[PDB]
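Shown next as structure tokens: one chain only, the form solved without the ligand.
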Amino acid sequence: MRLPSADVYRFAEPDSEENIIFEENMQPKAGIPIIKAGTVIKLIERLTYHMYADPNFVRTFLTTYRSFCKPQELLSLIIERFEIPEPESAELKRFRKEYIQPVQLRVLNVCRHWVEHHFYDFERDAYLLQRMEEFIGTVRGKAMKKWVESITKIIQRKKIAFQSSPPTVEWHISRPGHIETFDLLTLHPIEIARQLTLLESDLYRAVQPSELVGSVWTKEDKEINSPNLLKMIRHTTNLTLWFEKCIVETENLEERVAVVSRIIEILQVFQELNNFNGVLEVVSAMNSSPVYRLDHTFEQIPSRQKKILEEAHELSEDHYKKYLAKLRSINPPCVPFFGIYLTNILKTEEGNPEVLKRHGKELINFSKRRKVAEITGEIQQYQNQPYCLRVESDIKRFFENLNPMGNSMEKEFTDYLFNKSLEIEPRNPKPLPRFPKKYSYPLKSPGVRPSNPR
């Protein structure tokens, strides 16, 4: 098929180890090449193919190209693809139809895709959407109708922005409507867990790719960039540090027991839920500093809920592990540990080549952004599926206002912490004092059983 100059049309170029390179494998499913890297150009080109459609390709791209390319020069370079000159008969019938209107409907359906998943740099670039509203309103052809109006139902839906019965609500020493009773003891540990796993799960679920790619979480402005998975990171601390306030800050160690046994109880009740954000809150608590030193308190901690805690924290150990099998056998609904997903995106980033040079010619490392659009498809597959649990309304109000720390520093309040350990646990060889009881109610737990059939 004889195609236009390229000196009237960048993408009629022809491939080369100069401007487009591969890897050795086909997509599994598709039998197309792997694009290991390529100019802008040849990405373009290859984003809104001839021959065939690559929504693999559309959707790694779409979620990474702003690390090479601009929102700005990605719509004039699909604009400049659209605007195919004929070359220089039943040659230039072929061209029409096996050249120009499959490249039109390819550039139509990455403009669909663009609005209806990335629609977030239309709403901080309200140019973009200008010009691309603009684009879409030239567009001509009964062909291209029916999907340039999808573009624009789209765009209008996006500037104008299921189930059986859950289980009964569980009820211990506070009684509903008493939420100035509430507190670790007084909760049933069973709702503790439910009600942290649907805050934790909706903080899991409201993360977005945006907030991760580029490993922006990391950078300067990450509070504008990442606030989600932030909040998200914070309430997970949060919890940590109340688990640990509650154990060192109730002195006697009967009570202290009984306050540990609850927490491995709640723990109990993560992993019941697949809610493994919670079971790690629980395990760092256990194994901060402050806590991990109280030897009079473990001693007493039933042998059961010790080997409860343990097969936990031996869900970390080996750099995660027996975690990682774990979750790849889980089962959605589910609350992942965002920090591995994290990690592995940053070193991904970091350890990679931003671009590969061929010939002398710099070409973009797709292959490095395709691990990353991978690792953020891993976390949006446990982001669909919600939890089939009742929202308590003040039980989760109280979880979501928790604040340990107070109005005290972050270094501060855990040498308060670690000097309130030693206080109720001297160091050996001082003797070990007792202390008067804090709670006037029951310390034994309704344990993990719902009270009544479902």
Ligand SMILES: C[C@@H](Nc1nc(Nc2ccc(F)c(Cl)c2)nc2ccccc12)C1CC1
Given for the second form:
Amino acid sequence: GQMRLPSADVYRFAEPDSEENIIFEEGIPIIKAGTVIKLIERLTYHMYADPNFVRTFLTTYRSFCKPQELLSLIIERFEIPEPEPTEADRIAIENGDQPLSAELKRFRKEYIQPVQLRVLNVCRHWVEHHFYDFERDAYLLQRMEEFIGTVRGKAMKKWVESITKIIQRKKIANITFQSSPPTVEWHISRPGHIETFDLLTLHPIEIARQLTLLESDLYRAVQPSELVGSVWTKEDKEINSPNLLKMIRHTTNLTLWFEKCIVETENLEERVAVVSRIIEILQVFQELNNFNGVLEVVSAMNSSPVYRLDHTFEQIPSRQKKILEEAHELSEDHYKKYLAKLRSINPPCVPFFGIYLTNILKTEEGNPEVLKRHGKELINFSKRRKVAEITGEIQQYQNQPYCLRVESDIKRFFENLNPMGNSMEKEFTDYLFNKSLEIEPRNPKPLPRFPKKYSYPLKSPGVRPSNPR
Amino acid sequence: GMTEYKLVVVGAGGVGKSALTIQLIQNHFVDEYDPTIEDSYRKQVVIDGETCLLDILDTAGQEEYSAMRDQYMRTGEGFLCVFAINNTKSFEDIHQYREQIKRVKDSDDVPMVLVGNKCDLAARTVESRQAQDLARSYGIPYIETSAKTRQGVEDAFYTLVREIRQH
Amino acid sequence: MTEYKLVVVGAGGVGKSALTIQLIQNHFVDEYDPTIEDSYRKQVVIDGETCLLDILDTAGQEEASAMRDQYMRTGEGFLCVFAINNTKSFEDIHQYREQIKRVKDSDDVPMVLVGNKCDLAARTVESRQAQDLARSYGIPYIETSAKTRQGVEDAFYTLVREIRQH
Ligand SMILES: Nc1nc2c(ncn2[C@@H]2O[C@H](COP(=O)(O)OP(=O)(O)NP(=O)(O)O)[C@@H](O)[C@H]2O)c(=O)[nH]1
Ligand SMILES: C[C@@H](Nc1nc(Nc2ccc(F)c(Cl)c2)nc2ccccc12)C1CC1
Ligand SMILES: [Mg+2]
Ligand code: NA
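Given the form solved without the ligand, state the structure of the form deposited with the ligand bound.
Let's see the whole complex now, leading with the same chain.
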């Protein structure tokens, strides 16, 4: 027989399942909707563990439950009453004998200990992976420390002492590789001569590598707290989504820098060399699976100032036109080919974040917070699961590091890139378009000639790596 | 076979712009959505008795990727320029969106509609007359929509398709 | 993309979590924080085919020993881990092997025997003894170090190959 449960009058998590409090999707069940009590019961269920559910819940719960209330509810879940002695136990005690306590022992082993351990696993995941709740509410942290630090009894003792230490470490808070990273490559600019660094004087291989390390670090720094609730679109976005915004602003700046390098090169032959070099950088981005970098280049080539430069495009070699066309096609048909390629490559990679943002936003805007059933409002949990499937995909690509060596000077050069200067966006993008009109006027105006601006060789060293002993 | 129209939604973020396409494409009568689903942005419709396929690009949420706007806009034949009727800044942004569309398409006569979107019950700050006057100064239609009742949504998209057909 | 459900089992402290985090993040965890249950995902190309590994990292502490059936039902393949400087953990291997066989009602479950902490000089379980046990199970034996990465990809990706050929 199934174990008997505490009375639902003294322990709220023993109410029977019904369509008035939980709805399952059509081999563990998948929850479509439920009351917060039923969600917490299934989060800490005695029959099975559900690590996906724990991540989904802890990532998304603040849209339906405050952090203080979540802690109260899991403490309530933890405090499970033990059953009274049975008739057989009673008769043994009346004869001065020790009772067998078979039902009590089974209920401890198969209900209390799994539920309590799974509550502690929620606490552990909460502290390790969602610690911002405690950084932003010091009183919440005090309550968690107090709860964990007063759990008695030896069955939980190893995990109680461990979680206490994890909390203390989180309050005051190294990579190994299969191989050595390749040698840093240099072209016209030599090591230490940061004043000469530029698009054509750094080695195109090393430009792509150092931008990939920078863009990988920016990608890896974005936490789910910056995404859930669509907070990067709201008035407090600078407060709630700073790592995401830093990542996007880097991408915008690099795209504008590519555009500025192109249209400020007024001599046609020199501008062809600039565009060819950027396509070579794109080729190395592709080899590195840096899709953010790929699209930084594609966006620049499709911008209004650059796209119209027919005289420049006409002189790009056919093999480079083919590289650029293939990269452009990743974005066509709502990123159909990009999505397939991302799902096929061997990481490390740098995804393009924009698709994730649109899908999180539309998932949150296009599904209701609650479902109404039999006069009750149930939390629409399927909507939160869809959001957490996206944040989980994001996190999966955040794990793998690049086996590339940092060059601190090249890193700083790209960190400090500021193509707009002090200009506002509209003034700057109008400037770029007017430069485009200057260097290749609208027909039927004649094409002017312009003097060279670069005193060094324009020949590319290419993008195949070298290896001395 | 049937004509396909590539439509692009543009406008300020954070003020409910995405509700326009979601409500159109939705199971009109079930309030549910998965945007990751292959062709959650394609819809076959009958407009003035002629069947066509709408392909709608709405990059809502990517507004900070400002250097990608040109690329996204280039894909479109017709544009819905959306502001929120309770956000004057989003209305003041419209002029620059329209100027950017004209530059990207290299035309002074690009099919487009002005859409005023009621995204919540906060007080309206852009009156109908203000937006009608702006649309008339541009020579384009004005449609007002509700982000919650689906009112105006079909009118916004069908009016844009008629602008393309009559270009 | 084929999805594979891997489960890492073995006695407390043998390095199940350190092995998993080394695979996932290329990082060695020095702390000993006993696991209750954790899960990880990894996209990776193995023998030219892209797949998605779901990795369940389980509890070795004896206090959790009554909670194993639920994760054994879901797993497709199992890394059975002991530490080569801990003879009791090696003796515990057969209990995991027999429980997996009972739960899945099968004599033919994909498994790999893993002898971890092979960076440590003071070995107490000889390779020959573990290899004999592996042969009796019909499975490969791979020695690993979560600290240095020795054998780590080999252990996990061999298990993928055995699920694939199952
Ligand atoms: N030298 C060395 N130490 C290791 C290795 N693997 C794990 N350790 C160490 O052994 C300790 C226990 O590791 P851990 O991964 O937590 O083991 P576990 O099997 O997951 N323990 P549990 O079953 O309680 O979750 C840690 O201090 C860890 O750094 C290894 O390959 N070499
Ligand atoms: C593959 C590329 N296709 C095209 N690009 C450009 N122009 C352009 C591109 C790159 C440049 F470096 C410069 Cl200078 C100009 N014009 C086109 C005109 C008609 C048809 C296709 C075009 C797209 C990724 C941009
Ligand atoms: Mg562990
Ligand atoms: Na306003």
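Numbering follows the first chain given and starts at 1. Rigid core here is just the name for the largest C-alpha set that superposes within 1.5 Å across the two forms.
- With the core fitted between the two forms, just one of 382, 337, 323, 95 shows a Cα displacement of at least 2 Å, namely 95.
- With the core held fixed between the two forms, residue 409 has its Cα displaced by under 2 Å.
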